[PDB]
Amino acid sequence: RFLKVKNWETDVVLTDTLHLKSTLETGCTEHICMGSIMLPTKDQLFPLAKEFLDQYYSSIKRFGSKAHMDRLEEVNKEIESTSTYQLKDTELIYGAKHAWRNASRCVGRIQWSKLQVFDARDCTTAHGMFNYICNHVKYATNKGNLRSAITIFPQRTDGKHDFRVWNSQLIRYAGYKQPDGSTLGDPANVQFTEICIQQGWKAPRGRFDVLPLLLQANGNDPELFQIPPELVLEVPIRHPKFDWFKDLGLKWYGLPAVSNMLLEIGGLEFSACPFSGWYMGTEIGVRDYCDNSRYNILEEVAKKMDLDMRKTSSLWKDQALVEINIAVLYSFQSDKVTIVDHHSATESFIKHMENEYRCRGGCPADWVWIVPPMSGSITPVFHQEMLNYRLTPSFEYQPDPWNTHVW
Amino acid sequence: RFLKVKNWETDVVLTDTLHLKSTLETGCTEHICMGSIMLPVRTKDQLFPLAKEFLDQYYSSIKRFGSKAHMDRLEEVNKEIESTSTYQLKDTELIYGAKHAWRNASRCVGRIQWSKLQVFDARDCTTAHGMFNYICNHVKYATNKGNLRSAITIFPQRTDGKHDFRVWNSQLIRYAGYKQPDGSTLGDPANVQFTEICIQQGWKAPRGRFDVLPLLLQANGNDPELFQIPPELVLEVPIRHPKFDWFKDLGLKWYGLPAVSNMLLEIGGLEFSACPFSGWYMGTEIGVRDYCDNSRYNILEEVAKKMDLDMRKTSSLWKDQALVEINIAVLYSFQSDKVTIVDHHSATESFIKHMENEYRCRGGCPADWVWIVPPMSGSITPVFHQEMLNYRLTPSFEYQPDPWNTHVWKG
Ligand code: HEM
Ligand code: HEM
Ligand SMILES: C[C@H](O)[C@H](O)[C@H]1CNc2nc(N)[nH]c(=O)c2N1
Ligand SMILES: C[C@H](O)[C@H](O)[C@H]1CNc2nc(N)[nH]c(=O)c2N1
Ligand SMILES: CONC(=N)NCCC[C@H](N)C(=O)O
Ligand SMILES: CONC(=N)NCCC[C@H](N)C(=O)O
Ligand SMILES: [Zn+2]
Numbered sequence: 001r002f003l004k005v006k007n008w009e010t011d012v013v014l015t016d017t018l019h020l021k022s023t024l025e026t027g028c029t030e031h032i033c034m035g036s037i038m039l040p041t042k043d044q045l046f047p048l049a050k051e052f053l054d055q056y057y058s059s060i061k062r063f064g065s066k067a068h069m070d071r072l073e074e075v076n077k078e079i080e081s082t083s084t085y086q087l088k089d090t091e092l093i094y095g096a097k098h099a100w101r102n103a104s105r106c107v108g109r110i111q112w113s114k115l116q117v118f119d120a121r122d123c124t125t126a127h128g129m130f131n132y133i134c135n136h137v138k139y140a141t142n143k144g145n146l147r148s149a150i151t152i153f154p155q156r157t158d159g160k161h162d163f164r165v166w167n168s169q170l171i172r173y174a175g176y177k178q179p180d181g182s183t184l185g186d187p188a189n190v191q192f193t194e195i196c197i198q199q200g201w202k203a204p205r206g207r208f209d210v211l212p213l214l215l216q217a218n219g220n221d222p223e224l225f226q227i228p229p230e231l232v233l234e235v236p237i238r239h240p241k242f243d244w245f246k247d248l249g250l251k252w253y254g255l256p257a258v259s260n261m262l263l264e265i266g267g268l269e270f271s272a273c274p275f276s277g278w279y280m281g282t283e284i285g286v287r288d289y290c291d292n293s294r295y296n297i298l299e300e301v302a303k304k305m306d307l308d309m310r311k312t313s314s315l316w317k318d319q320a321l322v323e324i325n326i327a328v329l330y331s332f333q334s335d336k337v338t339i340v341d342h343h344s345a346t347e348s349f350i351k352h353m354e355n356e357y358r359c360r361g362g363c364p365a366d367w368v369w370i371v372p373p374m375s376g377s378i379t380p381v382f383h384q385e386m387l388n389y390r391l392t393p394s395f396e397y398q399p400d401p402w403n404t405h406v407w
Numbered sequence: 408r409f410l411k412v413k414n415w416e417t418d419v420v421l422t423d424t425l426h427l428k429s430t431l432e433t434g435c436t437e438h439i440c441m442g443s444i445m446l447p448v449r450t451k452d453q454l455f456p457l458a459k460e461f462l463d464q465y466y467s468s469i470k471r472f473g474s475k476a477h478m479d480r481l482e483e484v485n486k487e488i489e490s491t492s493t494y495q496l497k498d499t500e501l502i503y504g505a506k507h508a509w510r511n512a513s514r515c516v517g518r519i520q521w522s523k524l525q526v527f528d529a530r531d532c533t534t535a536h537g538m539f540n541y542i543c544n545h546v547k548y549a550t551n552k553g554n555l556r557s558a559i560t561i562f563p564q565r566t567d568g569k570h571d572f573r574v575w576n577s578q579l580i581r582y583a584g585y586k587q588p589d590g591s592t593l594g595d596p597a598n599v600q601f602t603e604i605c606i607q608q609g610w611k612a613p614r615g616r617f618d619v620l621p622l623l624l625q626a627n628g629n630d631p632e633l634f635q636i637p638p639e640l641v642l643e644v645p646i647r648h649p650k651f652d653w654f655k656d657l658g659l660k661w662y663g664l665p666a667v668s669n670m671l672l673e674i675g676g677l678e679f680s681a682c683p684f685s686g687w688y689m690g691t692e693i694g695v696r697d698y699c700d701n702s703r704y705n706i707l708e709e710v711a712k713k714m715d716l717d718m719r720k721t722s723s724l725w726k727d728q729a730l731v732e733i734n735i736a737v738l739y740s741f742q743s744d745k746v747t748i749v750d751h752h753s754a755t756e757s758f759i760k761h762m763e764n765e766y767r768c769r770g771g772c773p774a775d776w777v778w779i780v781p782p783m784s785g786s787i788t789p790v791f792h793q794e795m796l797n798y799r800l801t802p803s804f805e806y807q808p809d810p811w812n813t814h815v816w817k818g
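Chains A and B supply the protein sequences, listed in that same order. Residue 1 is where the first sequence starts when you use the numbering used here, and the numbers rise one by one after that. Residue 408 is where the second sequence starts when you use the numbering used here, and the numbers rise one by one after that.
Some hints here could point you the wrong way.
[Said to hold, decoys possible] Cβ-to-Cβ under 10 Å is the rule here; a few derived chain A residues that face chain B:
#1 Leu24
#2 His31
#3 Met34
#4 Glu323
#5 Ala365
[Stated by the list, open to error] With a straight-line cut-off of 35 Å between C-alpha atoms, the simulated DSBU-like cross-links for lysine-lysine are:
#6 A:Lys351 to B:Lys547
#7 B:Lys411 to A:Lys336
#8 A:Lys160 to B:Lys411
Just so you know, the hints here were simulated from the structure itself, not pulled from any lab data. C-beta atoms are modelled at their ideal positions from N, C-alpha and C, and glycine is treated no differently.
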């Protein structure tokens, strides 16, 4: 029940013990592996609070100290009295950093301890949420020198006073179904774009329209806000060798800022907790640009290169893919906007894994998400065995608010 | 119980019921997923249920379930097991068994082809020379002058575990690897240990970069013996590029016939420890893994140099650029020489059609995403976007330990 992981390129073996601390379930069983599946009260709360505070006090090397026993006693009194409890700033910061640390799908976790935590638990209105979010956007963007940050709105109470950001990311492009039957802009965002339009947003109906924020404070109906354009750093996409690439009219935004997940710390649930780092190049150039269900540009690019598109075995798709990804990196680099290539990021993740094995006894990692969507086996993560398991504090999926909201 | 899998590109949802017929364990639990781990004798008692389960599956597939012929066969195997402690498969059951081991192989992207498999029954084989002859016949048949035909040759099953038939090679055709005194490797680094064994057993190594290894063949638990495959039977393809004329001067070639020879075939509880099988290549096996893994031929640098790529920063994606050109060269070379090969786009697209068919007609298709997704260009192939369920069905191909680690030497 101590487990080994081997790297098949280097023969390095690591022993995992951290998995024994894992609490939540994976979706797998002895009979079936679900590794490739995308989405697999008072009495409940006190064990969860205890588990967390124990790890917190252990981390500041004060386990079993009076300050430990006193905080446990105090929270226990507070749950008994109010049915919830409030985290100290120090615990909140620890919790959020560790939720990133525990994120098994995240290749960038070498950065986990450098996270700016913005405490927005005093927020009461959607206007206040807009303010906090602009401040986060501007802080994280930092004129292109990106800095990781999370903004944490008030925790769930009875479940009818939820804070939610309706957007899937703070910054994303609109998608529109056309009379044609084709899609203009980002097909991933068609339904959300419709909810915005139906809410009064007037869309430019273009290929790259930054969506408005749709913010829900305290379980109320959500409200629209335009992020000031000067706060949205975008990069026009050009190629260092192909003069025609810029005519494709492509651009992307600099700040990736996931805003639809739920942060769980010590059993408390932070349903609105937008966080941001910076992009790995493949996210935009392979997935956002080349997925069939996304901007799906492989065909237009291949044509401009004059490749033989008659047969798959000419590898015309693969050739265009490499070029598109070269252009994304070149463009962010030329404009001084932080970006990481898939070679650099995966090399750092292997080094992080070794650190975590050494100092913590393991590192939960989901191979299916960690290996980049191009050139998998030429990155070292491909050859690295990983164990996937669930630790808390964590980031969790939650259902989309419109399926849940009672208007 | 019903399990759904979704394709995130097409929104197609499929429903799996076949997993209920799975008995063997995956390595995962409720608390841990071991989906990326490469590797996560038998009483007369345990043997009859395994035989029964298999014969029920066979008679079902032939629309003869519960027939007198089905009942008499169960009775006959039962009597044979308690009398002799094992049993012999009928030829038709052996064919059925081997095809199904392939159909059930969750790591295999080529399974659309599963019902087209030439089964060579070598269970009358007794000596290593006999094994050599069977294997030459398999190679010549499978090769078919470049028009590759899938095949398997099945040597006698395990009895007491002391008389095993084993092919010590990991594939029938592979290149020697040699560790040099300065610590560099000549040839294929994957085959260094095996190469050292062959040399010790008496092989005279030419010591070049692409020396076809001799066969090392163990019959009936005896010490293994060396044999040279006749060079006329080993089809190879020199690698060149359609636009880059310097590519040929890299001196690269590869063999046409991929023939895995170290796995164990389990049918109805019987263990076939020597069961070499062969199909044809998907391009990336050679052009991505065999050529570009750091632990294999490792040609990325030398190629990118010749392409004059910017090699001072990884973010130029020089490695990715060279990678694509190499893989073009491999497909171009095989196609030009009329040797069967499949590109990763074709193969994955075919797999998805296979998988959808299997859900509809079989109730499922166990698949290992980690292995199914190609090692380059993952997300522009449809399998990247397909959720899969991995579980183990019998008959099956299984790993077994390398024979030099377990063999009792007779001297
Ligand atoms: C600093 C730069 C960072 C890099 C380069 C990075 C890298 C990545 C990449 C490439 C993915 C996969 C995204 C996808 O395929 O959609 C990912 C997922 C994830 N990342 Fe990180 N990350 C970074 C910062 C962070 C921060 C600051 C947090 C939290 C505070 C975090 C938490 C996660 C989570 C929870 C997922 C899974 C999201 C999902 O399931 O959709 N990341 N990250
Ligand atoms: C017909 C042409 C075939 C193609 C294109 C094909 C394709 C592949 C590929 C690309 C892999 C992964 C190989 C690797 O990474 O090492 C594989 C694995 C496998 N294939 Fe197929 N295959 C074919 C025929 C067959 C046949 C005839 C059998 C058995 C009768 C078979 C059984 C398997 C098994 C058991 C594995 C897993 C091997 C392992 O775990 O090392 N394949 N196949
Ligand atoms: C079905 C499959 O799990 C799905 O396509 C996954 C595969 N790996 C991934 N990996 C990352 N980083 N992001 C993703 O969206 C996905 N999608
Ligand atoms: C550690 C990891 O499981 C290992 O490198 C796997 C990944 N996927 C693979 N997929 C295929 N087809 N072949 C392989 O050898 C591997 N290697
Ligand atoms: C730092 O934030 N994490 C990321 N690098 N990406 C988060 C998700 C972004 C998404 N894959 C996208 O391509 O927009
Ligand atoms: C037909 O056999 N199936 C294959 N396509 N490959 C089997 C294993 C071959 C191995 N990956 C190789 O590169 O030599
Ligand atoms: Zn699993």
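Here's how the hints hold up against the structure:
1. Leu24: Holds, about 8 Å.
2. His31: With Cβ-Cβ at 5 Å, under 10 Å, it holds.
3. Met34: holds, 7 Å
4. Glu323: holds, 9 Å
5. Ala365: Result: holds, 8 Å to nearest chain B Cβ.
6. A:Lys351 to B:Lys547: Violated, at about 48 Å.
7. B:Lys411 to A:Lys336: violated, 45 Å
8. A:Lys160 to B:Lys411: holds, 31 Å
Violated hints for the displayed structure, listed by number in ascending order: 6 and 7.
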